[PDB]
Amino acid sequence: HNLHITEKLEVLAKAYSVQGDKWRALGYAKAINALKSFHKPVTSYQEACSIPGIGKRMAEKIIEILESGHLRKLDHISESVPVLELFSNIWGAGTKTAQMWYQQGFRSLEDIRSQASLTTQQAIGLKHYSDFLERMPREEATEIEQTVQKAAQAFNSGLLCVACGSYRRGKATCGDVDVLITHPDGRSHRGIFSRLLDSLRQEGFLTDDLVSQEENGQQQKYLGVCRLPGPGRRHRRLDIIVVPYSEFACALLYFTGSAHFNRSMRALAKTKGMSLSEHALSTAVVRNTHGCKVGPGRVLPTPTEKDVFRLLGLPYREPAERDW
């Protein structure tokens, strides 16, 4: 499509991201996205600007890659970037921890492993470094959801379990497995993480826990690591959320994504005096001059994903159509 140019930009977008320049990186993330989805290749400056998500600043650079064949901005990128990227790829460590480790003189995982102070999460992230960077065939994602569902329906056959994220969007491979668990009656889902997690631990399915507030009966999510039985099995990331039935649709929509899809949909809802989150879609929300939800509006009835789209004056989209 425009790979000759986007591949160069992605490098730049990733550099800003790891350095903590969140908004600039988002800028490139949207320009790079627009290009990759533009039918024909770009050839003119005006041809660029005309595109949404691309402005003068960007259009100018898109020129280079074509005429100049290469972007000269990529030649002055700090030598620190590759190391920052290496560091931030450790689950539990972000741009702030990466830059701190770098300022401290660390340059490799060997340095991190032997000299860095690690949080419980980062220690787990490091021990599964390569695994956390791989994707799994969707078939395996199925085996995992099935494993979780079986264990859950074991103590309550009424429990509804669904694999979301990239899986539900129908991608061939998945980074992790997102399992949404809820119950049709609307109450039989409270305080089950304890039973579910312990059940999964019994059979040795779960290998490590990253995020799991179990001392609290109000736990909403579980982020961990699991591994299927047998030879040739890798450790996989597992994310589970348990939600009340009334919030099923918003939860399903959220967990299905994509992330960028979710953000775009939420941005639209805000322009219409509404608010969308994984818990609910509300209308008549009260916002300050900075657009922050100060006053609550009214929660709208949203029994199905269809309803959320409808209420936002949007054509429904199949999961595969939300793969932004």
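Here, rigid core means the biggest group of C-alpha atoms that superpose within 1.5 Å across both forms. Positions refer to the first chain, counted from 1. Compared with the form deposited in another entry:
- Once the cores line up, the CA of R72 ends up 2 angstroms or more apart between these two forms.
- The Cα shift for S258 between these two forms, taken after rigid core superposition, is smaller than 2 angstroms.
- Relative to the larger rigid part, the smaller one is rotated between these two forms by 11°, as taken from C-alpha superpositions.
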Contents of the next structure:
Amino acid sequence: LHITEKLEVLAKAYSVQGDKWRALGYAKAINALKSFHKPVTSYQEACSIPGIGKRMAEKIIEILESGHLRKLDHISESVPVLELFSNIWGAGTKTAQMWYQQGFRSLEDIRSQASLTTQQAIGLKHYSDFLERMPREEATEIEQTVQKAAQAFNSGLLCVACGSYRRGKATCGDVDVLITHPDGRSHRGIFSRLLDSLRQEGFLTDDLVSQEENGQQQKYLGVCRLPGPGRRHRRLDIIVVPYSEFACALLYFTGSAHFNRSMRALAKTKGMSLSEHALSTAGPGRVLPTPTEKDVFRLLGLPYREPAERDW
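Can you switch from the form deposited in one PDB entry and show the form deposited in another entry instead?
Only one chain is given; partner chains and other molecules are left out.
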């Protein structure tokens, strides 16, 4: 806390206005300022911290000394509105800035005047719902609904809830279901059947991303709702992967996002490349053998981590 509470509003201001690299820098400086054993008190001290350069140091000496940070006085008043628009699924910083330039200030303005993509229209229709977390118990019910429908046309299908669910969180922003088949081939063409089964029973309410004319579809992003009173619309993400990519896909879909980024960053320093598909060597490199998550960790020179230890 302290200096960090002021750096954070700045970091978010930069993020929502699209300065993602500078926001990134603020993020990492804030982390470093979160785990330093002591209240920094000197320019020299701050600078000695990995993640904190001269500039960020300049701004720390200004905080606990004058109590203020003049930079916060220069945050565009547009920022709260950019964040409002930005929270619409399918609208990012470019779209929000454009709406704002065109004079849009409220979701009512958006509803009545903006031209919305199909995704943004669904995003708007479920604005509040997409901003809530569900109890992990609800994520379980949702994943089982998907699994039960999948196992209907092929009981061999492996279905696994990933993301914050697999990391053990008490609540989940949505449900991430990884689907594969141990025989290494029966995963092909399952999306059509699965999705239609799920539509058939009124489980799926909206589709956000779903290239079903592509026999090579990898992902489904959309919306579902369990039956009964007091149910909310929930975001559901499904990926279907070849068994050969199981460990990398599992690792990717388990996150956290910051964890994946860090791990891929490490692979690169070691002459590798890590994706949801595989871990390979840096033109056509070599695909490395990764039958299990542990294999990816080992090859990177790391101690294995339980999903819950990946909650970065």
